[PDB]
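Only one chain is included here, represented as structure tokens and corresponding to the form solved without the named molecule.
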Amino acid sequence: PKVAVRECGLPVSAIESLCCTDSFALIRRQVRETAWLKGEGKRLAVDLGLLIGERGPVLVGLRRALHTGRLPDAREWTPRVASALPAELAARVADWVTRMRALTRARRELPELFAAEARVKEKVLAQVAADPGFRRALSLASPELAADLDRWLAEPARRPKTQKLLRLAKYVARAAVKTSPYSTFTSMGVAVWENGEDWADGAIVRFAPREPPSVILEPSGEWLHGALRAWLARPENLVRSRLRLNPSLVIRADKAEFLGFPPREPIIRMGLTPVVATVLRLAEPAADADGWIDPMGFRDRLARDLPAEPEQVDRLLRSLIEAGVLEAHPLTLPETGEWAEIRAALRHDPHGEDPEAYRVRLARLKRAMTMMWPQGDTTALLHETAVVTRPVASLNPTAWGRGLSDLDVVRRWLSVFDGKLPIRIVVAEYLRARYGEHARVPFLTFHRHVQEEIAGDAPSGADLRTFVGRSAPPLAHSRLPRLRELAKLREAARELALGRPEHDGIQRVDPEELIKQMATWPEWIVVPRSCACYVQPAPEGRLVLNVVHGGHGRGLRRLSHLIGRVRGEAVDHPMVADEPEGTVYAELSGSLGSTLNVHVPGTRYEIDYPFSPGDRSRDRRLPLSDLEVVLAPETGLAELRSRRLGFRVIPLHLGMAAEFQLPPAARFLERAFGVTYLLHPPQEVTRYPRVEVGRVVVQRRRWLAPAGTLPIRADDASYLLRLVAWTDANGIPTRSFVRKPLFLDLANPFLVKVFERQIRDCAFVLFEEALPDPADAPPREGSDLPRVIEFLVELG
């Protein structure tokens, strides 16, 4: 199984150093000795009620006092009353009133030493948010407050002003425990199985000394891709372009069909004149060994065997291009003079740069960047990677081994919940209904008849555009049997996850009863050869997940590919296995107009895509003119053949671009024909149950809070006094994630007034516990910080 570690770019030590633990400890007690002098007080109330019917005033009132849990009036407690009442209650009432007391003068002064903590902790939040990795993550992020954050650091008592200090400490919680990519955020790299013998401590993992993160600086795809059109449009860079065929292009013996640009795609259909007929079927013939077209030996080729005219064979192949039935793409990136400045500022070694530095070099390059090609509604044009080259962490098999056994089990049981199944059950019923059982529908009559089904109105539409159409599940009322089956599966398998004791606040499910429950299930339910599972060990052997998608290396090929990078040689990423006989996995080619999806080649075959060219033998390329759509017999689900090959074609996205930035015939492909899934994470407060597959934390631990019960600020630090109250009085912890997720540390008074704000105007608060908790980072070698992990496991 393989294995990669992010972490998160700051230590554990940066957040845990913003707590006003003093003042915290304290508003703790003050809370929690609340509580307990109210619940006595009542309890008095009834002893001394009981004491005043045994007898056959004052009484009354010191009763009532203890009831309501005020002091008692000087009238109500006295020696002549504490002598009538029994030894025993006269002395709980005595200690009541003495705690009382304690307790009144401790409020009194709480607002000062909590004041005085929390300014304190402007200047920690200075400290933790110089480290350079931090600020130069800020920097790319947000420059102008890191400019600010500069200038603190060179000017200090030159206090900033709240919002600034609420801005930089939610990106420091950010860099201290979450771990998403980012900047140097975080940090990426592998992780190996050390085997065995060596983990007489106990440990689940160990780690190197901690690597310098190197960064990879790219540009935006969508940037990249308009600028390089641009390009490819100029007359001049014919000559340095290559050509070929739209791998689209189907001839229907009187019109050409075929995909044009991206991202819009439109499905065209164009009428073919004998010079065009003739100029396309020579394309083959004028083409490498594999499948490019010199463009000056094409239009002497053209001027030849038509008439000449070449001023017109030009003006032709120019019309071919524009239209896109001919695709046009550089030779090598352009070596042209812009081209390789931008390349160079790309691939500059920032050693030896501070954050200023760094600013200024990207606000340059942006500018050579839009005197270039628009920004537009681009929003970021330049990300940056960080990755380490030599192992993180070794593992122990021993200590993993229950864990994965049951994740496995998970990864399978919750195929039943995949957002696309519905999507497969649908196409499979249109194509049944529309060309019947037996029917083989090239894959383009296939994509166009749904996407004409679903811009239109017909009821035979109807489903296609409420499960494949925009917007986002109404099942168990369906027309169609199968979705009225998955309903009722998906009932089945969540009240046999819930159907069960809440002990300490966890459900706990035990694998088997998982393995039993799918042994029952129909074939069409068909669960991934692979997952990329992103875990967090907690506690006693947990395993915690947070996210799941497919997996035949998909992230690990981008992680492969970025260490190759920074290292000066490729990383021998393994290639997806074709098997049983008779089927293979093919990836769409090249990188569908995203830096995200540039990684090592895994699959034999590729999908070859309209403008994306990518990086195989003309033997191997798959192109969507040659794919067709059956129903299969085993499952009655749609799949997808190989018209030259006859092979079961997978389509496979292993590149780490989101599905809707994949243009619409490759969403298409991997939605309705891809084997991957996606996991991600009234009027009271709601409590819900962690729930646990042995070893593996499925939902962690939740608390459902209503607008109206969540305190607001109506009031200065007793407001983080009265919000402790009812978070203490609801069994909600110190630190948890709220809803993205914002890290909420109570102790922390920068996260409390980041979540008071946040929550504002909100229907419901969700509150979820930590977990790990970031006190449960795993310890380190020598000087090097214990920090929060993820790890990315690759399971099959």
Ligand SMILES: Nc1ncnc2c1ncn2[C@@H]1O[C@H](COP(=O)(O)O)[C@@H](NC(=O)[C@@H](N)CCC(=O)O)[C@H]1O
The other form holds:
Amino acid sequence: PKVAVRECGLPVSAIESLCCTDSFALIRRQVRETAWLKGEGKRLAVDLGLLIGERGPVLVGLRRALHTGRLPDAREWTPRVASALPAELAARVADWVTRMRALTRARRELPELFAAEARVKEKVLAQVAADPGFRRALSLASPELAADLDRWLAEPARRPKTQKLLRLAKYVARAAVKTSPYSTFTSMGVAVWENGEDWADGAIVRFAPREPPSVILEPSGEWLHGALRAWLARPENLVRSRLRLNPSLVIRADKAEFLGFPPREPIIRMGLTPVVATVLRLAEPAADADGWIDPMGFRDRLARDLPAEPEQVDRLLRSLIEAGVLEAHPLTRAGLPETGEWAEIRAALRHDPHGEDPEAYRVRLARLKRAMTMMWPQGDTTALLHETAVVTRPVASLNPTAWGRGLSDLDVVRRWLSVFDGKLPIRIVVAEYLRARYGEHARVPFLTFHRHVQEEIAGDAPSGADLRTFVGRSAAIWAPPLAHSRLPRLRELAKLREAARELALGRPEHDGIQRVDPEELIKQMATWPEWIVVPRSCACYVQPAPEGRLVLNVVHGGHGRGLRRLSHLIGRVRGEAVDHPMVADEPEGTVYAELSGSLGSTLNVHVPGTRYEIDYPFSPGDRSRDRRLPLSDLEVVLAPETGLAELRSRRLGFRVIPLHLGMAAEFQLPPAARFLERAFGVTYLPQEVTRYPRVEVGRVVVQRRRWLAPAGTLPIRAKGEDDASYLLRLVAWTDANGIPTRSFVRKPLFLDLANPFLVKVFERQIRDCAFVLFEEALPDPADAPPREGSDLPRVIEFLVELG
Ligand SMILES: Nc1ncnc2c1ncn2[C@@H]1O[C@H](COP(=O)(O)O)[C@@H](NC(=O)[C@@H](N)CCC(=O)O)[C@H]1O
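Next block: the form solved in complex with the named molecule, after the form solved without the named molecule:
Following is the full complex, with the preceding chain placed first.
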């Protein structure tokens, strides 16, 4: 079970140190003492009223004060009144009055204490934000705010505006508690399993001495490919290019059908002249041993098979390239040969930054950005540069006996979550289209199927209705409109989902936890029909929590997706590749094949991890010609076992399972690739305060405890000069509703009520919000796994690949 670890770049002490510990402890005492006094007051009013009617004024007024929570008037609580009561009631009343008086004075003290503590935390914020790793991450993410931080550090007691402080505090929180790839903010490395036995400890994990992260700077894939195509279109770079036939090209005995340039990937049908048709035929023998076509020898080769005239062998070739039938690619791995502008880019990208302070980093990046735009425009490209932080040595060892039950529970969970996959309706609808248009035993060239489906989506007919609903632009009509659908299997799916949900939720809440036994989900699964197929491998992102819990954040496709990028980034930093193991082709008659090349994204560059590959129009791969399945070679058939559409190689017979193993999001995939993944891939991806409990499937936390608060329930700073009195009212409301001190509020906001910065960020974000969802912080930052020496505890997250 292959494992990686993502670690926050700031230690937990970084956000702990921003808490106003003294005044919050007093805010908490006050809130609990106010609630206890008000409760006790009302109970003492009951007992006093009993006493009143046991006799048969003053008492009626004292009663009224206790009931309503105010100090009794001097005339309502006197030695005589205390005399007319039973000693135990008199003493209870006495204690209440004392405590009420103490509470009132402590209410008066609080605002100066809190204000003074909050203000001291301003300098603690700069202390925490001084970290070099953090300033570097911030410098990429937010350069002006980062320069302002650098000035603050150089000029202390140059107290920046509140709004800058809130922005800094938010990034600090991100870097201390959020395990998302955002830039130097977190870093990633591999974990290993270490010899049970050595864990008398009790630890589930043990960390090596902290390796300083190494950083890899990369250009926007979209920038890169726009600039590359620009260069490949210029006449002089034909001799610096190789050519190949577009692997979507299909000659339909008359016309050429193919897919054109990304990102709008038009489906193209064009008329062949007999000369163009012969040009396309002679591309075959003109090809390399690996399919590439030397353009010079091809222009001659054409000169002496057509008539001679080179002047128009060139324009004909040019017209084929501009059209997309023949693809121009550069001569070398990643970038262009060594042309002037490209070797500067490539070197500046590669520049080892060592010893560089954040201001020099900012300067350097701004300069690189310019050279990029004085070459191909940014356009609407958001971010021209990304950075990623990795470590080269294993970061941690894992305790295989303490992990054990958790991984077992996780596998059961991983399988059961298949029923919820947002691609299942797609599969069902696509399969039904196949059956309806072409017949149960039909075998449809993939490209013709893609075109037909796309025609249905663009047009108007009821034959296209389901495709438009589930495969078209839309999440659905309202929610995924199953249950009341024409297709039986969409309705069977809806009931299978409802039964899955009701099995999970049909159980008691004890201490805010509903606990599902994994064997219950195994029992439910043995019942499912064959058209729910469980992926063979999943990347499970989990965070450990107390009592051996794994909190599941995210599942995606496995097969090394994620890990393969990590191996390739480590390989770049070390200067030697990591042999990530290959995907096994199984059962016989089935192969797994990733899409060739990187499909326009730097997040798809990785250890090539499938034997064969789907050879994809403008995204050449790195495989022997015999190991390429061109789009032209794929067909779509209905499988008898599942009744779902599958892919076959016409040339070789195998069932072909398309894989996306790069880290590009599915919407960044060009259209036919997106369709392949969505349709053929085997991965998945009121009126008062309402509490939803946490849901665990033995030790795997599948849903964290939550609290839903409508707009109207949540305290609002009355801008009648409200100040710290606000925190008091907010903490009174949260405590009364069981909302913990630390939570993630809905990208979720980390809220520490003790942190004066995060409370204000919270105040500001939630205005004009219809609902506010609080989620327990689990693991809590305080629960971060311990360390040795001077390495401070950090929040972490594991990528665990389960197979
Ligand atoms: N209830 C809660 N308890 C405790 N930790 C919570 C948490 N909710 C989020 N986290 C953390 O913060 C992160 C979301 O913040 P954001 O990056 O989306 O803005 C989470 N990270 C992830 O889920 C990762 N899979 C990466 C997600 C991605 O790539 O977008 C958590 O680390």
